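What follows is one chain in structure tokens, specifically the form deposited in one PDB entry.
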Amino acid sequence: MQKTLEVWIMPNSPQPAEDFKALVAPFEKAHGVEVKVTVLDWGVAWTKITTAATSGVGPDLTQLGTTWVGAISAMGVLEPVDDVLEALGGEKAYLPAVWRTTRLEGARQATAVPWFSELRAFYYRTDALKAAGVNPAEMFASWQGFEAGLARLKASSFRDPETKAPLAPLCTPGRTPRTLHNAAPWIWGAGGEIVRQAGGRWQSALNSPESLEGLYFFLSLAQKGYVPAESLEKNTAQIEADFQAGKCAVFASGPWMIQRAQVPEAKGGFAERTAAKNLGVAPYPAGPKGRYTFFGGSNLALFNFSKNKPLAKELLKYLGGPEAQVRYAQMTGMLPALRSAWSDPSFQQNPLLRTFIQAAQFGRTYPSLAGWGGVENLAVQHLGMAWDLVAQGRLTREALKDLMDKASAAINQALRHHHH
């Protein structure tokens, strides 16, 4: 009789269950096991996972967002996977920002195996920068170059061949629960942080001088006319759609847009569009205190009530390992989490994907706190109010400071009270 393993995943790929079943079919055959997959919507998965964790009933493996690893690990419900990670090549096999997501911050044992990385870089219209007299090498080198490039893009008379209208210089979604990930590289490039250990415990640093310098630099680009009114009312998918449709000269996204530019609109791509034929990528520009690439993605964890921890760890080694890494990155439009897979020809032969791997060298993640969930909720609430002021042209350094002072009080309260 076939042995059984159960895995919970989120919708990472176009046919989530079918793709995952294709991914693991070789493992199934090699180990005489049927891997049962259950797909959870991103918005319901956290509660289903915490219900599994406290009830002691659930799958053998679950996908976790990198930002969830601290909270679940602090519940004491995850099997240590230092063995699996040593098998896959240890600390040196991962970018440091990815390695940080294998455990609760400061914890003795690893509780999650890196599966795939989300990262962000700037897509840009090669045609629009040429017409505006902007060298992408200079525009994406520094904050000064970035803003000077947007000023040249705003002044340009260039029109999209299909829309027959001007392009907005920069699009950024102002209506998203993931708004903190778009702010994070500006906070970081100014020498700031969302949280910092201050007198030995974690506190908000959103109201630090450096955090406020970075956030004002980014949010003030909208107030200067570089981001349209309508973008601040849109979500991540709607901004991708606006770039595909020729409305934006520059926007931040992940690697999946490259594949989408190769596929016809009938298959959900944008190969027919001017943007697909005039596509550039550059990493985030260097701020005054450094250059940082937002990293996220997903890991896999083993529940300590699993009835077959040895076979589950063979599946973690398979999913974390070279061949499965490349294949699942292709399926999902993400990067491999395993650093050795960044040298696969399927990343090396495409110049746009080579640029993503250059951006990956600056990768940075949030601290893996047990309380991260509450921190991010509160940060997003107050960043939402800051974007609201941007819409009215009423974001001053003082109004931003007042909002991040409110966020910091609330975050510090949440961090003190986190239940164990």
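The term rigid core refers to the most C-alpha atoms you can superpose between the two forms while keeping them within 1.5 Å. Numbering follows the first chain given and starts at 1. First, how it differs from the form deposited in another entry.
Just one of the listed positions, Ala148, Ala155, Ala165, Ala198, moves its Cα by at least 2 Å between these two forms when the rigid core is held fixed, and it is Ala198. When the rigid core is held fixed, the Cα atom of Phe303 travels 2 angstroms or more between these two forms. A movement of the C-alpha atom of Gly280 falling short of 2 angstroms is seen between these two forms when the two forms are aligned on their rigid core. In this overlay on the rigid core, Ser211 has a C-alpha that sits less than 2 Å away from its partner position between these two forms.
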Second form
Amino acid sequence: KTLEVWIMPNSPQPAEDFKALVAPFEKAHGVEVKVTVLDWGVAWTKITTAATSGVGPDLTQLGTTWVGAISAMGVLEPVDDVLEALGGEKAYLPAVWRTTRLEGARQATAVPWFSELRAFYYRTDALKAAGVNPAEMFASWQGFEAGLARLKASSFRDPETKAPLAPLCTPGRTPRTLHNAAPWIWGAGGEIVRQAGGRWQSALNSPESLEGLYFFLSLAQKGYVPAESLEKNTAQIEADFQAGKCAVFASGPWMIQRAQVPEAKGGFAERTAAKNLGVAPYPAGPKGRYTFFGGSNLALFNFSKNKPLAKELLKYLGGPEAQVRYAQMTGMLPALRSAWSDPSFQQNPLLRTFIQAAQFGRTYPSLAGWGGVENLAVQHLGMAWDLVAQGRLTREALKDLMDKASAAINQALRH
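Given the form deposited in one PDB entry, state the structure of the form deposited in another entry.
There are no partners or other molecules in what follows, just the one chain.
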């Protein structure tokens, strides 16, 4: 007997970790679980192709932000039974509970697998050499920019590269998602979409969203982010932080685990950045402190011929044993609230900072059109970043891009 599962690259050796995670299940049920790893860059397309075509695995990993869109296509098995067997609504953070379905849906269509939220990794050696107290830098927008100015003026040089560090690296090339931008939007008291009456509408062109976007994008126009870094994607900026080329950058808690794994095994433990590694929350904006909170769930296709066995595997993967183990393997946080209290997560000082930052975590709504909204947003924000790279992003040009972004988004949401 056989299950097929699709997962994204959650850990250094994604197939092998997942295989080791499900071995006791394989033993106890006399079944083989076959796993296929999809790059995040391709996963949306493969998962919607499976959904329209009726050809795919029994189970797929789904990003929390995708659950609504795939559910609304009507292709997922209800999983209220699994969620009840795992302790129902009470067993989850309300933000995690809301990702188990398309907003307004009767039935749950995804089981929470792991959670993830964003914070600033920083070079403790580079901040110390620049005279930056991280508690000041990461308290506020004003502290953040004062710190980047200090990092820019620093005479510090990385002991291996023998070169200066950029103060901040953020990608300006393939903005797949708004994850990087959202906290600046939210911090200014903006939103990506707003519900008024029944209807969702873009708020990317609200004065608040525009203040936050302009603040963020203009840091690179002020020289805190080098030219180089606006022609790079997320994976390259990650590599650049690891290679000792930036003082500060925004990512999720998986980097903590990668910092403890040798180069040889797909980590960066040998690098100066790994041995001089700090974590601070996003600074509080003028209307409050937010960070992107997400993660991945697991869903069962309703065209599967292995539904009961697939539900047994969902129970196992959402359950306390596997929740703690997979979080360890991947460096993500568990989706199951109880598993947060495992000492292995409380005792890592960097992870403790991610856990405290979860208080200000903020999710996207679980909308049916969410794929097209995010896709339309990043396409126009892309063009904003191209203005930055030529030193031509004005508040007015940004308003124009976001007005158009908003027309396009409102049009898709009317569908």
